[PDB]
Amino acid sequence: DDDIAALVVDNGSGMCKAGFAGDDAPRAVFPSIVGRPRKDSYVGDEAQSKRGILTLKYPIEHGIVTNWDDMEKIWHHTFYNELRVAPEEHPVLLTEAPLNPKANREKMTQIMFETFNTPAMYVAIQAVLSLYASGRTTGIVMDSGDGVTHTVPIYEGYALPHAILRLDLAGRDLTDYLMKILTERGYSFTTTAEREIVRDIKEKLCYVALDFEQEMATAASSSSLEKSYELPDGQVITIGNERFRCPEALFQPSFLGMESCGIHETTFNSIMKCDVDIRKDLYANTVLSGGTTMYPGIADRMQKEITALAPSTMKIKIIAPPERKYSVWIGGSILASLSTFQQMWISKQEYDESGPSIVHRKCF
Amino acid sequence: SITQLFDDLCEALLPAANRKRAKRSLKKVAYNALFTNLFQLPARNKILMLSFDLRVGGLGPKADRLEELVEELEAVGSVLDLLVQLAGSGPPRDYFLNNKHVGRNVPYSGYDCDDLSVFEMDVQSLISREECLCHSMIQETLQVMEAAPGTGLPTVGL
Amino acid sequence: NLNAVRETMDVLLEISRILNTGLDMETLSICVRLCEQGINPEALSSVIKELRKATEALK
Amino acid sequence: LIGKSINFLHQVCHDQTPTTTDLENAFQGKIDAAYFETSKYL
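Chains as they are written, first to last, in the authors' numbering: chain e, 2 to 39, 50 to 375; chain c, 3 to 19, 29 to 51, 64 to 98, 107 to 123, 130 to 195; chain d, 17 to 75; chain B, 485 to 504, 524 to 545.
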């Protein structure tokens, strides 16, 4: 910062990203794993190698904290090992999921201020910080991470909680449907590495569809959507028909088997339950988000569904960057670096006079 | 990549000085000023309001040329709204100015000499430009004949 | 489209040269390439005049 | 002790990886924290 330097930590679902404020890249990124004896409570390479006497556990599951001790372990091991700095000279920005209950947030600020002892702190929604990187202060964000997903409306520094739509579909459901469609075709799954290599195959080689009707119509007449993969393990699998239908599960939800809503009806229901006066002002610039951009092509779908959603009395002014995956990170990094943003930061004095619970009030 | 077109925009405005830590801080000022404004056919009409301001100080057919090109641009509207924001960036001949000595059609118009008085200022602007060029040449050398050492010299810092 | 938008950018240069716009030739090429994706130009008028103040503050 | 680790790592351990009055006595603030980082990383 300028007075007392800020620090930014984004604990994602597939990885932990930590770093200093005013840094474009994160200073350290390691995978999301927390050890336990079946060496102990490690984040990084040793825990992944020693999964024969280590228990694989993830700290954040859906946007909710499955084990609180797990979250404290990854937070403690992130601040002490992949940063190595004294907390007394560095306040930290913490992250959370949109529409998180107040008791969870009170416990989170309480546990960071007492069992870890920060000077000052902040707890942030991820999607609003992602919007702050695209320069605007208003917009509807369609956020689909690797396990965390919401369509969040926000307009002028405030989000309507009634219209923040929590979404089942995520990278969790992505790999679930990956393994399901592969065993449905006929493919053996027996361990963690087969799940990892199938996720890598969807990340690198897989076409991200635009309709189900159109690409299947071109593939039924002549399959020109086949992409060859010749593996060195000794396996020859190649099917172009499966790979365009595999990310189709967001278009119509019954492709996965999921009860929950589809993506177009979700963004429709969110803009309908957000204010009428803010609607066109929201559409004056719509924003892209989501870690699901690892194959680019979902961006075209995001612009396409937002063209069809909002009424076109204007050419769509949607901001579509390839900063979409790390948008949360760079948002936290750019906001926390500034000195005026220390007025939105919560101090120790405020924690003592009004309790921790004011974190639900001051930030949302 | 929109997120890079703001990073390229701060590169043109950044001249020689670093220039790799300044580039990161100017990438912030680009976004940090985008939401200051949000907190606190009428497209071609914005040109005609400047076309009026052309014609009052003379230069009529030049303003008639400006309106032929907005006629083909509306036969792109998001570009002009940035162009009208500044009308000056300046300092802090033709035979078809007046056709009276050549041409084909000429009804005899006598004299006015008001045409000649805006033809004498066509001359006097040249005498004021090629003199101020030489005034920034004698300034550059009287600022070196006169000074004390330490004004802007890097070798006195050694 | 890039053949047409390259000529629409050269014709957009002339009307800013006789109107004496503060924008130079290269920033016009950046801003048209940014505007064709779809961005509100009314927000662009606030970023440029303050970003140009902050670069002179370094100097 | 901390200068015989970095030079050792760069030549004998074959890794070029990151492992990390006078002027009102600046030394003591940096040297201790740098030891507590570099030595445990080694």
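Hints listed in this document are in silico derivations from the structure and should not be mistaken for laboratory results. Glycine included, C-beta positions come from ideal geometry on N, C-alpha and C. Heads up, a few of these hints could be off.
As the list claims (entries may be wrong) - The calculated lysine-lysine pairs, modelled on PhoX-like cross-linking and capped at a C-alpha distance of 25 angstroms, are:
#1 d:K75 <-> c:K69
#2 e:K336 <-> e:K118
#3 c:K85 <-> c:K137
#4 e:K336 <-> c:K69
#5 c:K34 <-> e:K336
#6 d:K65 <-> c:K137
#7 e:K336 <-> e:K359
#8 e:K336 <-> c:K31
Unchecked claim - Incomplete in silico selection of chain d near chain e, CB under 7 angstroms:
#9 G54
#10 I55
#11 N56
To see whether the hints hold, each was checked on the structure:
| no. | hint | in the structure |
| --- | --- | --- |
| 1 | d:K75 <-> c:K69 | violated, 35 angstroms |
| 2 | e:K336 <-> e:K118 | violated, 29 angstroms |
| 3 | c:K85 <-> c:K137 | holds, 20 angstroms |
| 4 | e:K336 <-> c:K69 | violated, 40 angstroms |
| 5 | c:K34 <-> e:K336 | holds, 22 angstroms |
| 6 | d:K65 <-> c:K137 | violated, 46 angstroms |
| 7 | e:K336 <-> e:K359 | violated, 33 angstroms |
| 8 | e:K336 <-> c:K31 | holds, 24 angstroms |
| 9 | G54 | holds, 4 angstroms |
| 10 | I55 | holds, 6 angstroms |
| 11 | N56 | holds, 6 angstroms |
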